[PDB]
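Before any questions on how it binds or moves, here is one chain, the form solved without its partner chain, in structure tokens.
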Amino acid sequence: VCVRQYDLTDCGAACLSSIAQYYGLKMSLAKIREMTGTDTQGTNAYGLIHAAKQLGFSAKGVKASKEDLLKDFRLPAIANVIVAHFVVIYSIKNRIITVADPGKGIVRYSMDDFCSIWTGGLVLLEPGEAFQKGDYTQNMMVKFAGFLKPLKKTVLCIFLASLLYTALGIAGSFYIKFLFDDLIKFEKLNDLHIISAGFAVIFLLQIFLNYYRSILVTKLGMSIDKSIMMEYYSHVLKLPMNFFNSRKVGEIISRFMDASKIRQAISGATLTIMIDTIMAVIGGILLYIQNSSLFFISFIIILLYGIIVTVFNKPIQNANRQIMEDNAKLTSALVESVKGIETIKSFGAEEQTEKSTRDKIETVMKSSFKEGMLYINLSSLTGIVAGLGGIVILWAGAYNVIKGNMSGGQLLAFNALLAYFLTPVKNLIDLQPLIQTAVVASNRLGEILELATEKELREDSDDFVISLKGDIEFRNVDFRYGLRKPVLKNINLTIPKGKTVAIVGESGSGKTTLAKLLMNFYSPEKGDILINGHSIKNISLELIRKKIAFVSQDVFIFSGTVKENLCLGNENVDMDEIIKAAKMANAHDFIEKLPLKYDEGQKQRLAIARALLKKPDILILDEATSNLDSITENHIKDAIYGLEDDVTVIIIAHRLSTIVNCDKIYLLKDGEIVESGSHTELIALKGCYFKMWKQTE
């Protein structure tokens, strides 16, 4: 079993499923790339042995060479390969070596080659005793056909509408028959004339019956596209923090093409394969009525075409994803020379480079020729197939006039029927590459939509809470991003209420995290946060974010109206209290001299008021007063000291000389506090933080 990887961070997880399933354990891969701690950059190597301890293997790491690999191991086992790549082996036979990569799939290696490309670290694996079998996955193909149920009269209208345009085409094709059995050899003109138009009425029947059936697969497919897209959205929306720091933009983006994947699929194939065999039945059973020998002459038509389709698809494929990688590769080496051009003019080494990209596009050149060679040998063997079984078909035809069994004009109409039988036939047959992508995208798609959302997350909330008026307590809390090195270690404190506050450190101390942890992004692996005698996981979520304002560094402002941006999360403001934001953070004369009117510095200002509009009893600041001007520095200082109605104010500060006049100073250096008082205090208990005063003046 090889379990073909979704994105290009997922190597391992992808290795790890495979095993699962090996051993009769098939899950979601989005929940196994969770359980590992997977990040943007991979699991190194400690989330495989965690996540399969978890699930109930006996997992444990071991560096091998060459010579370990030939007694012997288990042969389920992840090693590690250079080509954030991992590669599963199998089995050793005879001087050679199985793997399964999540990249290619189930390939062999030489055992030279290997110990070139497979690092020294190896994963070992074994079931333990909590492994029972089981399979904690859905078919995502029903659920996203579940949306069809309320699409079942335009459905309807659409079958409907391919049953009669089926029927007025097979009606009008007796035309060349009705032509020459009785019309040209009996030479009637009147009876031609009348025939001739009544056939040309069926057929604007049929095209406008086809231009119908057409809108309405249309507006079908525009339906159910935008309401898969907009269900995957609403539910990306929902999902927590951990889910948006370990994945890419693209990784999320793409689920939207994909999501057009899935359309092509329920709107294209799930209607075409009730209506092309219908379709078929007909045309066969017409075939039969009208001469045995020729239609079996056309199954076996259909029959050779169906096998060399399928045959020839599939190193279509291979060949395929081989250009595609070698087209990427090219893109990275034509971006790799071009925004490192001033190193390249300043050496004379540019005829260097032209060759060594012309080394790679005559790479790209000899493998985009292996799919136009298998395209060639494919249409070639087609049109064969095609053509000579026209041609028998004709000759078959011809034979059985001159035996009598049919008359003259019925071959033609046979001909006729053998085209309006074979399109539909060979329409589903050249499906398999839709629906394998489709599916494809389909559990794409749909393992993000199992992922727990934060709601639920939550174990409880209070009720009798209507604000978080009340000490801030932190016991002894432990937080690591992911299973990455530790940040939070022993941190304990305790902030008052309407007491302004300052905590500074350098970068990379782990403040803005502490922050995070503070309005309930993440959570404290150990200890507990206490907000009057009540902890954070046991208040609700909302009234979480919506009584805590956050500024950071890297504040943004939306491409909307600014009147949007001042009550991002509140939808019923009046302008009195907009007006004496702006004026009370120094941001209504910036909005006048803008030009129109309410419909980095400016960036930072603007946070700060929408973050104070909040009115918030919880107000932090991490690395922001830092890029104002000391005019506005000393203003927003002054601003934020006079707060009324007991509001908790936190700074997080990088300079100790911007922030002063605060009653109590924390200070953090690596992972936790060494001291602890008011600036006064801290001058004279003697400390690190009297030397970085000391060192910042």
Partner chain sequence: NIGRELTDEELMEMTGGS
Given for the second form:
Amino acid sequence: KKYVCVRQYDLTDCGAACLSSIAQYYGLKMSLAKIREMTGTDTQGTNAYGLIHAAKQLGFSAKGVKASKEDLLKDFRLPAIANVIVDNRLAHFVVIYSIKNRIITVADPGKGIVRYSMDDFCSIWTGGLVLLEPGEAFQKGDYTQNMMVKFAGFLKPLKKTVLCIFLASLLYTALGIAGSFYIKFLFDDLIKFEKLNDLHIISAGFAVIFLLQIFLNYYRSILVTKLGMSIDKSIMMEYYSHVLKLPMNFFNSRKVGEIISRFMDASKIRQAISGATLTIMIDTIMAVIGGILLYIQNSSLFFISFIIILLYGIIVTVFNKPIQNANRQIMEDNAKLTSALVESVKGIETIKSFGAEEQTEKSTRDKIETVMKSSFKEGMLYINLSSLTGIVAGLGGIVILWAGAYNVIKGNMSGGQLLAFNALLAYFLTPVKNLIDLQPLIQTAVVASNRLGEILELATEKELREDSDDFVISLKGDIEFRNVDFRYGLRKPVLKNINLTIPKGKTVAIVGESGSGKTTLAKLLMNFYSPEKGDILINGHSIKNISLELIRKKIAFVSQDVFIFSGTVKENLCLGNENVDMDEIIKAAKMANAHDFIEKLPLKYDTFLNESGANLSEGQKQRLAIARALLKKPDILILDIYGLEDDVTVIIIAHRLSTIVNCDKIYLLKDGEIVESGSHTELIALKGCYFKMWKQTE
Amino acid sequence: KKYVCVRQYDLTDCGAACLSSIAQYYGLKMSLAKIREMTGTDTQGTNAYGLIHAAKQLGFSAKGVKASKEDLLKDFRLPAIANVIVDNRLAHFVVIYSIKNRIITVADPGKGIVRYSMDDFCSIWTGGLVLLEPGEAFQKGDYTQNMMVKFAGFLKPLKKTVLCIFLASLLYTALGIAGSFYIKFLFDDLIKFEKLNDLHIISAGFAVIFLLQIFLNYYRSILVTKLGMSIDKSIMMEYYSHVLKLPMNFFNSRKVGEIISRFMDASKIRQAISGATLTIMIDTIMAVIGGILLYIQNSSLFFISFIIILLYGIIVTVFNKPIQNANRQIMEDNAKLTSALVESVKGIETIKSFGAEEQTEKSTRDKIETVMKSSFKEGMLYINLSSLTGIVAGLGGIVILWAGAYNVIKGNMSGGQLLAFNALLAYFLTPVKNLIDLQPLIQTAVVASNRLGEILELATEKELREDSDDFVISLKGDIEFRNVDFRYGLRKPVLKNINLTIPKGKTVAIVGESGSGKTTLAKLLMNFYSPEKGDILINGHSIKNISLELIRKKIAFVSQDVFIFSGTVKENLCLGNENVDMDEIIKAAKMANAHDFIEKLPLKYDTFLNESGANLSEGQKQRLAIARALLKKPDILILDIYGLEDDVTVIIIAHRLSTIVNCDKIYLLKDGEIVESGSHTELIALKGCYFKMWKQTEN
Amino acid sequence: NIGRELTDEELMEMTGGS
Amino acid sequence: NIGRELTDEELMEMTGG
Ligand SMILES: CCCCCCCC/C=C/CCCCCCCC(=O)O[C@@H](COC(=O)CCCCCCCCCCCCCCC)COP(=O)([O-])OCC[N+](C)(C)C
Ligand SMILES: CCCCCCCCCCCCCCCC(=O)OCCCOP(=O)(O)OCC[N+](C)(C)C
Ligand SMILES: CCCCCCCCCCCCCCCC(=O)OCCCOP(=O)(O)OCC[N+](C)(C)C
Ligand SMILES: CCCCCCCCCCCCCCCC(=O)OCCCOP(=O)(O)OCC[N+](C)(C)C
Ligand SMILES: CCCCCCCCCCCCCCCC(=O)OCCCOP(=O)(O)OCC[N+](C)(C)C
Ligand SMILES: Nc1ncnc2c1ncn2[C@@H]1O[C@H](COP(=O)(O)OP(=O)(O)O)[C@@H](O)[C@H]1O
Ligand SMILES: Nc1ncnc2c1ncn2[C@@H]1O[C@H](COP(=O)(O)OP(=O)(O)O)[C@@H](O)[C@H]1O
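Moving from the form solved without its partner chain, what structure would you give for the form solved in complex with its partner chain?
To see the whole picture, the full complex is given below, headed by that same chain.
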């Protein structure tokens, strides 16, 4: 039974990759994205609890234990998940597959199948283990989809261009093969018989043939470039359009670079969607034709050339994998060096204050030395590959000339025929070499296609929505949280049975300490996330049965983390809607008292805020956000009484109780519950916690 | 005279480049890194005030005006820095050289010498002009140095490796030239006379020659790789070692990307330092020998080969400049697209809240289309260049075979000679092609050498310090500010007039609003910056005359913006100090009250903190910084815990008015001056601005 | 049954990958 | 002597870069 080792698409999916490897070993193959989202993988990776949760969800019976070196030799399920502390710097997950004769075999998602000794493994091992076995409710299958199929289905509208490229390539090949006989016509017939006029005629004809070949190459290059750009743009725009529709748990669980690297994955996919298909067709046909021609010229020389290309293919195939491993190591070392440099430059003031310039210099020198050492290992691999390939090619050329001279002496050939064979070798060795050189291009494209197309299988925010009645048109009413439970991913719960009621049109506030979870209530109210238990009701109706458009349109949230987009002030204030008249923006700016600083700007309401409002500072961006929210005209407004309608609910989130005294209701949020609710005078009385925080704060 | 356009090195040195161009126009050449600090250039850029100040500091008579469209037609000075706005997005500085009639010729530091119509320029022109004259005390000179000569000094410890590479290349070339005659010996001698026995011996000899050639290539490739590694390491370490010693105005006036981006300049410098030098000194001799051999074989065919290589050189030279212009445009479009993508991913909450998904899709589609258009332009340039080069090469080969057949028919040469000529061509055209292909490499490497080595001329922090004192060992005493002024690089003055005395061994608190300047006083007390006028005295001693090491060692500053670097908990606490006892570490952690959650963490005082303490919380990271500051054991402690001896001075920076009621003295900083001072009760009774802000904020 | 069974609260402390 | 000489407040306001 083969050992399946699923590799990582990112840095934080080690546990998801391990669980996928075990599932595939047991006959259940799924995409890495679904398993990653079941395990609760986020920017901090995954923990054991997520692994057992997903395994139980996947039909496995799983448990988590802490073992020792004395327990690593008993009778237990051979495939397990183990925790390692690799480099004494990074926690990681590996899959244990077999222990016998004191040799630990583990699939590491970042490296592959590796075998440690007992000593090294116990040095890196933490002692924690996840034991899994298929249960009663286990169902095998293959829920993964082939991505090359659809990424080549993008080629369906562009079939005419592919046909034109194919025809141009065949015409180019025919012209080149025809022109390869100029040297034969020279030596066998023109030079030998001293025919001067015919020399000029044939030379002019072959010059014309070469010019036609150049024109065909020009046309084919233009077509290939345009096709490649078209496919790149199509894949990129499809990926971006799907990503913009995904829920917020997709964005909280991933970094920006993780989402952006798929734009390079798109080009990686295209290089095999366009390059590999055309290469395979054109070069297979050309190699067959060139081989037939070479065999017609001479059988022994053709066999010599076949042996040459066989040796080249063997050498390249042997050297393929170590080059990839060395490149991966080099990229890792470059990432570490760049991280160290950025950290040292950003925190230069602390280094100067503590006088750690020498230590930082030595550390950066050591990391540079590591990078150089990793670069020399790949440099030596390429040098060895080039030397072996050069040996094969040069010795093959010398042997071809040797055997051709032998055949000419023996009458089996002519000197012109040998020169023509040498010329024609470019139309048999080059196509087969190009076909051989497709191994690194297709594996990389397959990995990139899986990476990009596993996201496109994820459900969008609107798809996961339930049945929404089209009768609710306004969100004005009491806001009820009934037994609401929530947790970010598979972490410790943030809200433990929230139960509260916010009256209609009243200005209420939510108070508590930092990290209590006050922002979580606002996020759940806007329906960015859904509660795992309980319900949220607006005007009596459940939030899940109200259209997402209305929820997103009639609820506004202004926090301290104001985001301003790169554009004019009017463009940022008119985000989402464009059929707005300037007097409305003026009124909103006046209400949010943002009018003055916009007026005293180079281009009032047209000033371009470069680098996300770098010109402005904290205090003006907040006013811009408030003005934008007022332009939104919300029925519920969350802040951290401008205009409004006196029935628009306003919810204030703060921890400094001084500014909440005038609020109609105050909800104290402690330990994931609304412990106390009431007016400032009532809560400041002999009630408990509220008095304590009031006296402590000031 | 000639129109001088000084191209930018970074994205925010427009005014410095314009001032450098105008100075060079009148005969004063200086490095861009010095003019950039004379103009007060920072992350935001340069303002006209900085340009005027630097020009007057350069001897120029400088003036700044706002002009109209009709004002241009009047007669005035030539250079004329002007302000424009390209794409209606960001401001920019150009140099308007001359106005013949309705046509404005300008040096743009980002593109080069360009020309606009009067209407187009007046559309982009903002009406602001910086008039410059070469003063009266303006002296001509050239204060730059050759960076390439400076970086070529790294080759001196590698003379043996360079000589070995040269000898290996000479042997390789000789063996290749010797092996190029195999086909001539085949056709002229062995095939013609049917010498079967000789054929094998000559073929084996040429195979042995080729194997020796492969071994020599292997050896010299290893040597070249090692040489390049050494040169990269040397240049990178020199640059980093110098950067780590520069003052804080260097880091505050530049981005992290700007500083880091010059680590890729080391590779560009190495390319011309090593590879170009080897290519020149090897391929020159190789091309001379190959041309001599080809001329020996046949004069007419050698002339044809010379014409071929001349045409290739002309085509490559013509296509050089257009190709580098398109690549820059592609890089700019890619940068814009990447910025849009990152900014839309980071602000997905707002996009979803306001329903601006279709707008984002359209904007990203437009930027992708722009990038694709630029890529197609560059690809078309490359396709045209490749088509012309292929025409030249293929037609030259056909004509060479044609003329060789003609000469063989006429009896001037033989077929074997023609084939040997075809091989020696491969040993002649390649060296000259390699020499021709050095123009982009040399130009890029010269630009990179200037860009990197203009920073190595910058004075370090220790160099700028005056004479120190060997009798001041403790910083305990009274901290006094005598008429301190300060500005962050030719901007609005943060402090207008500072006069405050801090009693010895007491606790004081400076109060103010956001942007008042309290952090600026904190930085100025530690000699991170120097006051443009005034003095700072610590125990009757000027701040400038005390050793910088002592100043940095005896003063600790803990702010809300803490810095944790990747490493163990103990490594972070022992930053800059090597031999420190573990008992001191645990005592400092106990005093900072960080001794609880650290023990809660796995491995105790060895927990690696991934990505600058990402796993730790904001409240926890502050406690590590406090523990580090307590480990420093300072004489002045500026906080934004208290377990030290009463002799240490304690300074508190806070905007709140409640936590500092028990402070011995309270200094109120408003509008850049100390408006009020004294104890809390005195300020409350004084009915000053402290009372106003206490009633407004804390009621 | 190799080792001591981890509790549901201590399982979240056994993390991996970043 | 073109136009109007800008004051230090106006000189600090027209920027570039
Ligand atoms: C119409 C014509 C079209 C033809 C195009 C077809 C081309 C398509 C080809 C596709 C090749 C796909 C190979 C992938 C699988 C390799 C598996 C593997 O493990 O390799 C391993 C070894 O590999 C070897 O030792 C030899 C490999 C045999 C390949 C045979 C010749 C290659 C093509 C012949 C072309 C003849 C064409 C003749 C044409 C007349 C790699 O292991 P490693 O870890 O990387 O390192 C090994 C180190 N060690 C040596 C110490 C162990
Ligand atoms: C890893 C590095 C290895 C590099 C090695 C590359 C070398 C590639 C060469 C392949 C082996 C080639 C040997 C084949 C020799 C050969 O095959 O020599 C042809 C001529 C012999 O003559 P023949 O073909 O048998 O015909 C006889 C008919 N007649 C003349 C009697 C009439
Ligand atoms: C027979 C008489 C000949 C006389 C001529 C004398 C000259 C001697 C020179 C020969 C040429 C040899 C030089 C080429 C050296 C070379 O080319 O060395 C190959 C590297 C082999 O080692 P390598 O396979 O790279 O190691 C493992 C890598 N990998 C498989 C794990 C990926
Ligand atoms: C009758 C006598 C026969 C003797 C035959 C001897 C032949 C020996 C020939 C070796 C010469 C090799 C030297 C090659 C030098 C070279 O090939 O140098 C490249 C030039 C690149 O620089 P360039 O393109 O000219 O720069 C353009 C600048 N500008 C115009 C844009 C301003
Ligand atoms: C018997 C002697 C044997 C000697 C063998 C030596 C080989 C010599 C080969 C040098 C090749 C160098 C050619 C350089 C030609 C050149 O450098 O001339 C280019 C034209 C200037 O083009 P450029 O100004 O760079 O830009 C475009 C401007 N414009 C033309 C479009 C207006
Ligand atoms: N985007 C997120 N991803 C993962 N965890 C989060 C995220 N936002 C908040 N949390 C966690 O959930 C808790 C929610 O607290 P929060 O709502 O930020 O409190 P407050 O509203 O008082 O700032 C925090 O302790 C934080 O650790
Ligand atoms: N690194 C910097 N570069 C340029 N200007 C700065 C820098 N840091 C602060 N400033 C400016 O100096 C002024 C002083 O603010 P600051 O002292 O940081 O406020 P506080 O005293 O409340 O910490 C601010 O208005 C700010 O614009």
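Superpose the two forms; the largest set of C-alphas matching within 1.5 Å is the rigid core. Positions refer to the first chain, counted from 1.
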Please look at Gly134, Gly340, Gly146, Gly560 and say which one has a C-alpha shift reaching 2 Å or more between the two forms, core superposed. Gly340
Taking the rigid core as the reference frame, tell me whether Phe178 has a CA displacement of 2 angstroms or more between the two forms. no
After superposition on the rigid core, does the Cα atom of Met324 shift by at least 2 Å between the two forms? yes
Displaced residue check between the two forms: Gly408, CA, 2 Å or over, core reference: yes
